[PDB]
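Below, in C-alpha cells: the form solved without the ligand, a single chain.
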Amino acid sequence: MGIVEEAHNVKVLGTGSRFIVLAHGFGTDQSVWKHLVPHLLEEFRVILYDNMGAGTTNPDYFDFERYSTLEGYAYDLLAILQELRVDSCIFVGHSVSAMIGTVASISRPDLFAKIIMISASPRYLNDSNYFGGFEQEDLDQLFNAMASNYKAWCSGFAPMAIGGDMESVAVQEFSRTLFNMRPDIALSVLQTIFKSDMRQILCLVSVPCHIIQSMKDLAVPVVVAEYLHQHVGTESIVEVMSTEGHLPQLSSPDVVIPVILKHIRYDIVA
C-alpha cells in the first residue's frame, strides 16, 4: 500500500467508474458507513478512510500542531485524493468531516462534484447573533469530565450522542470506538472541534451541498441546517430526517440509507 493509504487505513471497494468518498466524524471510524457501503459497490469505487487520531490509527502519527485546526485534516484528505489519483468524487462527510471536506473543496473545487453533509455544523458555540446549541460552560463541563475519568465519560457520552435505547447495538459500537482513542488525543480533538468556527468560509463554497441531519441531534439544532443552506455560496438543499441521533447512518440505517442514496443519485438544480 501507499504510505498515505496505509496510515489512514484506506480501502477502495467496488467496481464502478465514479468515485465516492465516505468520511467519518469524531469518536468513530470508517465502520460507521457499514450499512451504506453494500448499496454503492456497483455504481462506484467507494473510498473509505480513517481520520488521524481515531482509535484505529497509530497515535504516534497524531501531530498536535498539525491537527490544532481543521486545515490539517483537510490536507490529509487532499493527500488521500492525490495518492489515489481521483479525478473527482462525491464527498459524504459526517459531522466534522463535513467541514473538513468543505475546507478541502475551497482549495480544490475541481475534485468535488458535490458534498453531502451528515450532522454538520459550522459552529457549536452560541453568541447573541448565532445559535449553535452550546455555551462555554457546557464545553467546560464536558472537558472536565473527559479529563477526570475518560472510561466513565465514554460510557455516559455514547448513549447521548447516538440517541434512542441506551443498550442498542449502535451505542455498544460507538462506546467502544470512543474508548479506543488515546484519552489525551480524544480530549484535544474534541476541544478543537467544539471551538471551531467555519462560518466565514461558507460563502466561498463553489460545489453543491446537500445538508442532511436528524431532527433531534444533541449537537446540531435544526436551525444550523438552515444556516448552512443560507450561507453556503452556491446551490444547496436541506433534508431534516425523522430520526434521532448524531450518527443516524449507524443507528437508523433503514430510514437513513435511502435518504443518503437519494442525495447521491440526484443533483440540485443550478
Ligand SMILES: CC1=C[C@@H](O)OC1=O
Given for the second form:
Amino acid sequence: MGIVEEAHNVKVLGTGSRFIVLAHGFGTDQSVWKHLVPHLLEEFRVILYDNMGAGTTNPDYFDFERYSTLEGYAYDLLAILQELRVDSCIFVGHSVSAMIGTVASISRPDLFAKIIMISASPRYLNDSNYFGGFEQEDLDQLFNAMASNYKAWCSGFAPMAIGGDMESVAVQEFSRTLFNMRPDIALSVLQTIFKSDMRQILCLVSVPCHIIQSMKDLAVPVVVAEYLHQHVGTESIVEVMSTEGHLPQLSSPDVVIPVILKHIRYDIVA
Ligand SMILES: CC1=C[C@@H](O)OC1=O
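Mind pulling up the form deposited with the ligand bound next to the form solved without the ligand we just looked at?
Below is the whole assembly, all chains and molecules, this chain first.
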C-alpha cells in the first residue's frame, strides 16, 4: 500500500469501471457505509477512507494546525485521489465530509462528476440573517460537557445524534466509534466543525450537488438543505427523507439506501 492509503485506512472494493468515493462524518469511520457498499460493487470501484482524527487513525498524525480549518481535510482527500489515480468520481460526503468534498471540488472540479451530500450544513451557528440551528451558548455547553467527562459525553451524545430508540444497534456502534477518539482530538475537531462557515464558497461550486438529509436531524434544520440548494453555484436538488437521525445510512438503511442509490444513478437536469 502507498503511504497515503495506509494512513487513511483506504479500501478500494468492487469490480466496476467508474469510481465512487464514500467519505464519513464526525465520530464515525468508513464503516458507516456498511449498508450501502454491497449495492455498489458491480457498478463501481468503491473508495473508502477514514478522516485523520477518527479513532481508526494514528493520533500522532493529527496535526492540530493542519486541521484547524476544513481545507486541511480537503488536501487529504485530493492526496488520496491523486495516489489512487482517480480520473473522476462520484463523491458521497457525510456530515462534514460534504463540505470537505465541496472545498476539494472548487480546487479540482475535473475530479468530481457529482457530489452527494448527506446531513450537510455550511454553517451551524445562527446569524440575524441565517438559521443554522445553534447559538454560541449551545456550543459552549457541548464543549464544557465533552471536556469534563468524555466517556459520559459519548454515552449521552450518541443517542441524540443517531435518533430513534436509545438502545438500538446503531447507537451502540456510534457510541463506540465516538469513544475511540482521543478526547482532545474529538473536542478540537467538533469545535472546528461547529465554528465553520462555508457559505461564501457555495456560489463557486461547479459540480452538481444532491442534498439529502433526514427531516429530523439534530444538527441540520431542514431549511439548511434549502439554503444549500439556493446558494450552490450550479445545478442541485434536495431530498428531505422521512427519517430521523444524523447518520441515516446507518440507522435506517432500509429507507435511506434506496435514496442514495437513486441519486447515484440519476442526474440533475442541466
Ligand atoms: C457526524 C457529524 C456531526 C456534524 O456536526 O458534522 C459531522 O461531521
